[PDB]
Amino acid sequence: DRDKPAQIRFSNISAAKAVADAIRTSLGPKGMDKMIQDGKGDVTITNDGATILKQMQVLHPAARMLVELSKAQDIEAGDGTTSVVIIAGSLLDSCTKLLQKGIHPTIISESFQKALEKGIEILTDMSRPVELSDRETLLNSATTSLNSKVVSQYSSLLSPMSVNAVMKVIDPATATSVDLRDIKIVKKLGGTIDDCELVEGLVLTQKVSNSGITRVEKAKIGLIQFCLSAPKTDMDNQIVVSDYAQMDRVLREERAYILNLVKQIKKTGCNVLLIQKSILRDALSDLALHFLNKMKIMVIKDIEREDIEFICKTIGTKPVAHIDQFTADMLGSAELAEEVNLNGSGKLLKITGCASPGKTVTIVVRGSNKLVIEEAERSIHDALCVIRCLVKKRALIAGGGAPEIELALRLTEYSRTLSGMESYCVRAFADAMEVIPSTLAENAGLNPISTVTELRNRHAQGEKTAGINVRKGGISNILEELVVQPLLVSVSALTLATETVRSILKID
Amino acid sequence: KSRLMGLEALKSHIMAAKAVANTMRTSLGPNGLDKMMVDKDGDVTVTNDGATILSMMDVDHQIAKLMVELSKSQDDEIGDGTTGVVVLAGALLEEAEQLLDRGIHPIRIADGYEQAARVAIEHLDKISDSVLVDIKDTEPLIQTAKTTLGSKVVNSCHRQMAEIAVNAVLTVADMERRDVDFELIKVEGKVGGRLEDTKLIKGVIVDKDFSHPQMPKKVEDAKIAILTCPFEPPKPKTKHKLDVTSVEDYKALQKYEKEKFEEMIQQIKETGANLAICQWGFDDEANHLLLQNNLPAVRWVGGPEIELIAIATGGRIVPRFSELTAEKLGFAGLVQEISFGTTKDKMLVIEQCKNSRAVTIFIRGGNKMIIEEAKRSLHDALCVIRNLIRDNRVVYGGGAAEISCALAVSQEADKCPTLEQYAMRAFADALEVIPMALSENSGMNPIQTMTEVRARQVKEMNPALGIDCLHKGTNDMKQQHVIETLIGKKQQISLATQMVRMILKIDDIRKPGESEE
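Those protein sequences? They're chains D and M, same order as listed.
Mapping of the first sequence onto the entry's author numbering: residues 26 to 533, in sequence order.
Mapping of the second sequence onto the entry's author numbering: residues 25 to 541, in sequence order.
Possibly wrong hints are sitting among the right ones.
[Said to hold, decoys possible] Here are the computed distance ranges between Cβ atoms for each label pair:
{"no.": "1", "chain 1": "M", "residue 1": "479", "chain 2": "D", "residue 2": "198", "range": "55 to 61 angstroms"}
{"no.": "2", "chain 1": "M", "residue 1": "496", "chain 2": "D", "residue 2": "138", "range": "47 to 53 angstroms"}
{"no.": "3", "chain 1": "D", "residue 1": "532", "chain 2": "M", "residue 2": "538", "range": "48 to 54 angstroms"}
{"no.": "4", "chain 1": "D", "residue 1": "66", "chain 2": "M", "residue 2": "89", "range": "53 to 59 angstroms"}
{"no.": "5", "chain 1": "M", "residue 1": "35", "chain 2": "D", "residue 2": "487", "range": "47 to 53 angstroms"}
{"no.": "6", "chain 1": "D", "residue 1": "138", "chain 2": "M", "residue 2": "89", "range": "28 to 34 angstroms"}
{"no.": "7", "chain 1": "M", "residue 1": "89", "chain 2": "D", "residue 2": "532", "range": "34 to 40 angstroms"}
{"no.": "8", "chain 1": "M", "residue 1": "83", "chain 2": "D", "residue 2": "33", "range": "38 to 44 angstroms"}
{"no.": "9", "chain 1": "D", "residue 1": "524", "chain 2": "M", "residue 2": "479", "range": "53 to 59 angstroms"}
{"no.": "10", "chain 1": "D", "residue 1": "66", "chain 2": "M", "residue 2": "534", "range": "56 to 62 angstroms"}
{"no.": "11", "chain 1": "D", "residue 1": "33", "chain 2": "M", "residue 2": "30", "range": "40 to 46 angstroms"}
{"no.": "12", "chain 1": "M", "residue 1": "163", "chain 2": "D", "residue 2": "532", "range": "36 to 42 angstroms"}
[What the hints assert, rightly or not] With the C-beta cut set under 8 angstroms, the calculated list includes, among others, these residues of chain D facing chain M:
{"no.": "13", "residue": "34"}
{"no.": "14", "residue": "36"}
{"no.": "15", "residue": "327"}
{"no.": "16", "residue": "328"}
{"no.": "17", "residue": "332"}
{"no.": "18", "residue": "358"}
{"no.": "19", "residue": "434"}
{"no.": "20", "residue": "445"}
{"no.": "21", "residue": "446"}
{"no.": "22", "residue": "448"}
{"no.": "23", "residue": "475"}
{"no.": "24", "residue": "478"}
{"no.": "25", "residue": "481"}
{"no.": "26", "residue": "482"}
{"no.": "27", "residue": "485"}
{"no.": "28", "residue": "490"}
I should point out that these hints are in silico values taken from the structure, not numbers from a laboratory.
C-beta atoms are modelled at their ideal positions from N, C-alpha and C, and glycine is treated no differently.
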């Protein structure tokens, strides 16, 4: 019998909401900051309850699906990560009614997967198609969501910078989802938010040039993945040294083989060299690097291992491990490589363009100090994601909790007109839909029960003539005062919870 | 002092309503599973009717104490449908918790429950056309009382019972502006013969007395002597002293009283009404002497039995032997004698073509247990026909009209889009609990059952095609012939929203230790 896994399910259904019920307060731009008590004990004022899930959580398998639920919303959208929490606990309320009714969870699973496919179809008709190749249409569509979000204090000047950034990788009108795996975020320690801009190719950190060039035209991007030293067990220079001759005879011979490997670099043609950390190897010999930099090659050193793997795929500098991999395809081809030392504190190397597949786009984040720099980082990336979610889903939907009240109004109607032993499941699926804007219409104030029934007063007759407007703090049409969102941040918040729900229904 | 505020009130309002709605939903329809009762005297009782059991169950809660008078209004007016008002109103009630758990205020839904009741009654005007002529509509009532008889008290439908029962009502309706009074009719049941035996009496019946078959067993002209005065020596249950001077004085006393027997004859017979009935009784000695003296007399008549024959005839009763007139005699249409049962004795059936003030269907039984179960099927069949004789409004209920208004009220939550939409939603989903409950107590899956006729509402609106509960696989309401009165279903709408309105009436839930104690 499934009676012992029956009790496991209701415990899992109850426990998944109980962590998610704190996010009901944290829902929306008028949502609540949630002060976190740490496992060692400390206060942490926190909003954006996906980050709360990453920070403080309990060890429960229904709760461990919740941190996975928001993480998928983080990587696919990055937005709607608070709303993706509230939809899943809303669906679990629908699950409790039907399991008490005596409906198999296999039935409740497949009914939700049908209604998910069915709801986004009707939601798409609610959406309006916007351009993805018109740069100006993308500008108006993005910043209205950016003014709809919390941070717009720096998103004003940083919206069109992101618009010009994505427009380079918008080659078709289809305009695929977006790789952020060519988008590099680069901090500059000084400078200004006004001086933040988009530098093509990739932007490097501190160079280490012994006698090397500063500005090389038509550079050759090289990679080094080999050591320049002796084996190490206790000492880098394994001598039992007490003598001047034994330290002279063996260490001049260490200079000998690194003479010949350095000459093979410049003869094959190299101007920019990618060197990882000397803890990612055993040692890197700077005297050979001095002789290398005396052969007029600009060199950076001490970069991360996986960060090179970002660089190799972005600018086409395919991995060079030895002398034999000195070729024309393993080496990238920059048009101009130089370092900018001025316009702000610090100094950052500029690979201004490279022979790159697609378009390698890099932003330089500036600011007074690190906290001011970190303000723009959320400001750019949220601006990057709202463009990213609109090029994934062509049409645009006005945001503000109203299309859920729209869609639940149709899905109750269609589930009656369709048929079903599972018709209750879809009609309970639609009853879960208006929970989330109701919990949003608590954070706006202005009683949500009185609120939510008067939006589908307008969604039934005029199909929308009033909305929930956090600008007004309540009843105002999201088409009257424009509150919009991409289509993806609503759909991706919707579909991941449905896939999560059908799993835990089938989970014993 | 403990106060159970709001939800804490409603949790007390859940548990009794949850109990009583669940015991009714196992009892809807001919697949309804029977209700067992042990009395306060410790007596086994098995019915399937709620208005019996709610009267018999010792109610112990404000919800439960309500249900006696709530089901009193349904059974006295409509009859059948005692279970459905309890299943429906509790299903709004348990959903109203979910709305209150959703945060929806209990007042704004109680406001909307009444408006949800309006649009359902509005829909019944469109459902199931209301014209059924007098000769024809007996036959669906012949079919309707076939359903009540042929599955509950007797497995194979006494045909003589359902056809007499539609005929007793036209006896009173014509004299009473196309309506019947339930004190002008009476479901009279006396076992002793055969359970197949069933008669219609336009008046009342009394057991006819004859003392010897050697003395003539008479029946004659259609006029009854409704008497309390002595035509035969009476007995008010006491004793004089007996004294005669001589034995030959008693020999002459038999010759003296024989002339006195003829004097009681020649007074009554010259006024008319040769069937003499006197209230107080006597032995069989001078009874067959009066039978020999050529007028029959009925002895040991019950007290109120002289009243019911008086109003059935419409005439009066003769109080004294010296006051003698025909207006104080019975005015009968037919006085004939038919044997009581098949084996014991005979009655004297006094029919009238004048006054239908007591029209009694007279049934017999071979079992004492079956007849009140038979009469309870006959009690509700005579109440539903009162709805039809006034207006011929009918409903195809049992699963057709339940899913039909559940479409409409849920649509009216969208057509009338405001705050009461969840109240209309709590009304609409609760309508689906009923044809679920006709299949829940049935062997069928009720989850499959709500699916089929829902697709039929996509096919056809205003259905005469709803589910079956005879497991014939033929889901109709006009070929399955499951048809009820539109007035009765509309009354069930009013009663169910009455109870939810009734438990909402004060905001007081405080006690001094004594509000249910």
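Hint check results:
{"no.": "1", "hint": "479(M) to 198(D): 55 to 61 angstroms", "result": "violated (43 angstroms)"}
{"no.": "2", "hint": "496(M) to 138(D): 47 to 53 angstroms", "result": "violated (36 angstroms)"}
{"no.": "3", "hint": "532(D) to 538(M): 48 to 54 angstroms", "result": "holds (51 angstroms)"}
{"no.": "4", "hint": "66(D) to 89(M): 53 to 59 angstroms", "result": "holds (55 angstroms)"}
{"no.": "5", "hint": "35(M) to 487(D): 47 to 53 angstroms", "result": "violated (40 angstroms)"}
{"no.": "6", "hint": "138(D) to 89(M): 28 to 34 angstroms", "result": "violated (48 angstroms)"}
{"no.": "7", "hint": "89(M) to 532(D): 34 to 40 angstroms", "result": "violated (46 angstroms)"}
{"no.": "8", "hint": "83(M) to 33(D): 38 to 44 angstroms", "result": "holds (40 angstroms)"}
{"no.": "9", "hint": "524(D) to 479(M): 53 to 59 angstroms", "result": "violated (29 angstroms)"}
{"no.": "10", "hint": "66(D) to 534(M): 56 to 62 angstroms", "result": "violated (44 angstroms)"}
{"no.": "11", "hint": "33(D) to 30(M): 40 to 46 angstroms", "result": "violated (33 angstroms)"}
{"no.": "12", "hint": "163(M) to 532(D): 36 to 42 angstroms", "result": "violated (58 angstroms)"}
{"no.": "13", "hint": "34", "result": "violated (19 angstroms)"}
{"no.": "14", "hint": "36", "result": "violated (19 angstroms)"}
{"no.": "15", "hint": "327", "result": "violated (58 angstroms)"}
{"no.": "16", "hint": "328", "result": "violated (55 angstroms)"}
{"no.": "17", "hint": "332", "result": "violated (50 angstroms)"}
{"no.": "18", "hint": "358", "result": "violated (64 angstroms)"}
{"no.": "19", "hint": "434", "result": "holds (7 angstroms)"}
{"no.": "20", "hint": "445", "result": "holds (6 angstroms)"}
{"no.": "21", "hint": "446", "result": "holds (5 angstroms)"}
{"no.": "22", "hint": "448", "result": "holds (7 angstroms)"}
{"no.": "23", "hint": "475", "result": "holds (7 angstroms)"}
{"no.": "24", "hint": "478", "result": "holds (5 angstroms)"}
{"no.": "25", "hint": "481", "result": "holds (6 angstroms)"}
{"no.": "26", "hint": "482", "result": "holds (4 angstroms)"}
{"no.": "27", "hint": "485", "result": "holds (4 angstroms)"}
{"no.": "28", "hint": "490", "result": "violated (12 angstroms)"}
Hints 1, 2, 5, 6, 7, 9, 10, 11, 12, 13, 14, 15, 16, 17, 18, 28, counting from the list given before, are not met by this structure.
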